[PDB]
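Take a look at this single chain in structure tokens; it is the form deposited without its partner chain.
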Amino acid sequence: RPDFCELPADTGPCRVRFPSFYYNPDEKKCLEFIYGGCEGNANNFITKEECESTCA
């Protein structure tokens, strides 16, 4: 899997709360987090399904 899948969840600096998903390498699971709508990092998916096909 892509190296970016190991990056921590990052809500970024904005305040528009998008329920999102990130790959958690320790748990080997795509888990839910809040993304604030701007910046952050590549370990950031709009659905669990997208996260699982990219990082899992």
Second form
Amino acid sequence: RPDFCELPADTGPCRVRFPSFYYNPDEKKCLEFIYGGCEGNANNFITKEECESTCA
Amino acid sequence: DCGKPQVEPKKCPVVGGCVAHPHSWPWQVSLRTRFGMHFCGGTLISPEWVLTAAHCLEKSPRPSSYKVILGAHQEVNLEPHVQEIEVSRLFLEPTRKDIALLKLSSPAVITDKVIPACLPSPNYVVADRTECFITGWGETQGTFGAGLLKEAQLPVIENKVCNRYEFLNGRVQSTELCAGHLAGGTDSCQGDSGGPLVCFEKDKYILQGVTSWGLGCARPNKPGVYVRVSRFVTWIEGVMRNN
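Having seen the form deposited without its partner chain, can you show the form deposited with its partner chain bound?
Full assembly next; the chain just shown is listed first.
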């Protein structure tokens, strides 16, 4: 599990509503979050599987 | 007549704000996936054209992957009288700003629930503290109106003040305008992107901004940043007439 799996969910400054997934270390689960559309971090996945296969 | 709704809009003195009167913002568009989930706003500026933000079209350049919903009040339970039109063409603004044009696969029918908005003067600057309206089905953040068209009456904040360290600190460009209450609590949010920032000017509503970004939603001293439309009018005209 790469380092960025430990980074927090960054929606970003933009103000699109892209539902996405981030890995949650303290819960050891892939949870849903809104991505704003610009900037942010690698802890950002489009499927629940992509999060799990990468950071879980 | 564009910019003139046949249902008189509420004035409300989207996080915070109020649920709008149905069809009082007839130019409001819900941009969607083929699945049909709302992820962005849009603005009917003419029967075949919708103005939005470029970040909404990030993933795919396929125009057929985009769907335009017109005359809605509910984000999910669409009214029976609603218009669902596919996008024919996308036009990203060349200097890579957060503004884009969607050409509709078929022109929208202008009714009393679907009316377009008016374009501002080229290089026009909305004066500081001008009260404009923000509409959209974005996040509400624990505030009422989730799933319904929400509106907010926000004052324009001039960029010299908006770029003060206390606020956005040099983040805001010439081709952007700031808007909102500095005390926070009322603002556009994720899901409102591409949405209209309209200003009542002559005797009708005029599109002056496009919901772009902000440092968080509805936070104190953190006004929303909007694409300054008046800077792209000339570009918009030439796209509509040549395409």
